[PDB]
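In the block that follows, a single chain appears as structure tokens, in the form solved without the ligand.
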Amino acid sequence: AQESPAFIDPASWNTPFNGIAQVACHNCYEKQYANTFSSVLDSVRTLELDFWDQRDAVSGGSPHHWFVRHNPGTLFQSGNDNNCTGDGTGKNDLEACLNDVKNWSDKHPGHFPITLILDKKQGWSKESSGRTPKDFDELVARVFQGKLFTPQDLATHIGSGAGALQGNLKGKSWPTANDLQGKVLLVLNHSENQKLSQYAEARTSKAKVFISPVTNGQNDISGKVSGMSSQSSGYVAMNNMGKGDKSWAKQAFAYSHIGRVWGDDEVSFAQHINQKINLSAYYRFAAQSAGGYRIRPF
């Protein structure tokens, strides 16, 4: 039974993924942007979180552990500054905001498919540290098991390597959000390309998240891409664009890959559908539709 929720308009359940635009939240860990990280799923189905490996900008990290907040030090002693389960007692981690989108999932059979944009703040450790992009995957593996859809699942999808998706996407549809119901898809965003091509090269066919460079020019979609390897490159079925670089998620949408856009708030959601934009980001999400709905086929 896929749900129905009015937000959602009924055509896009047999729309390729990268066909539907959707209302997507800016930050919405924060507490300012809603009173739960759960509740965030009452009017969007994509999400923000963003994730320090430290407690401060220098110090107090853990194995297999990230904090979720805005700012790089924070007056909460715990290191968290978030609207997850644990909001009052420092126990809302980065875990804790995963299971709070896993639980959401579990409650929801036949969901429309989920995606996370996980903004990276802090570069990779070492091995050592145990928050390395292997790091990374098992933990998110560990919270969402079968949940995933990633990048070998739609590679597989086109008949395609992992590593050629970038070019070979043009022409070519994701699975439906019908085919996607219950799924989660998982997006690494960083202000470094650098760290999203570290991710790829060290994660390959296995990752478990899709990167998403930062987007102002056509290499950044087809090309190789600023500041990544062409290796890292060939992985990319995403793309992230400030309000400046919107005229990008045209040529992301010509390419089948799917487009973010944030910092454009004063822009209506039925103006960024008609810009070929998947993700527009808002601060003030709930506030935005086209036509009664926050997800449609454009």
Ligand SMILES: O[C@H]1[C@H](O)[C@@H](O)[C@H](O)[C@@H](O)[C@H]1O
Given for the second form:
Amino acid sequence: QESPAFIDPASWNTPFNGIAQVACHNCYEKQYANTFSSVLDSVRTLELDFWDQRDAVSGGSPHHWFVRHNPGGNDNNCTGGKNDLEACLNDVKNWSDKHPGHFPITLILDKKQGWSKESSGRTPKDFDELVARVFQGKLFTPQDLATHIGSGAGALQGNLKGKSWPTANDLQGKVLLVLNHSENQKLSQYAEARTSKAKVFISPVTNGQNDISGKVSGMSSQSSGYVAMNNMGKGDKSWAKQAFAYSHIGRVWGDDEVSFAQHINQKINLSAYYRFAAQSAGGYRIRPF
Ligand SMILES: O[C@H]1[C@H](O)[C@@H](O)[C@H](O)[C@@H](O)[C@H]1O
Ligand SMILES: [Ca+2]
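Instead of the form solved without the ligand shown above, give the structure for the form deposited with the ligand bound, please.
Every component of the complex follows; first up is the chain already shown.
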């Protein structure tokens, strides 16, 4: 079990949903960290923005995605033009291998384009196959959570209410992958394709109760039932209290002028900051609420 100074030791025996963290915002960018791996000196929740194409219209290849911020190749601080998604994911895998006993790592995979058809090799299945090939047994997935709470994975949404996630100690050495997109439709498409086999948690844009516990905006009812995480911008952060009530992992981004301690008091699990190292509460970046 690791013990970097930034983790409150009380965290280990706390259910994962009861833990507040400082997270990065876009920390794959060179301007926010010298290397992607260095982020893990400060936090356990990271972010990658991934694109199908080299620019907006051209340059894709099967089984491969690029990592950069703007529409336009690769522009990031991951190991490596061959510093692609796979390279960034391998940076995390390698850090994990070098720190047995680590607090679970959460990676926010912020998808920037749509899914491809089969022939282009960038379907939801292709994505799962990539992340599985890289992380292997390190992943903790929605089916794993569903088994933990005694639910079907397609009924996590509502069956999580009143339940505890595994503790951080139970999740030592694990990696949790989270899918985001500006359009919830792309999450619905991923969940309809992968169902209980999904390697990645979907975390929809959340601006109403239905996005936590009902038919999520932009998704089918079937996809909605897989929701165990919720993603909020600054203006929607009040929804974190309901994510907390439903034992969904809530993330808030864009609220950098509010302190970690204040986000804790707002029941936000993952508080995303550009300047992550500069945030703490009582010297910690990970602590129970
Ligand atoms: O630009 C935002 C921001 O990058 C967030 O960190 C992310 O979770 C979103 O999905 C995105 O649209
Ligand atoms: Ca992003």
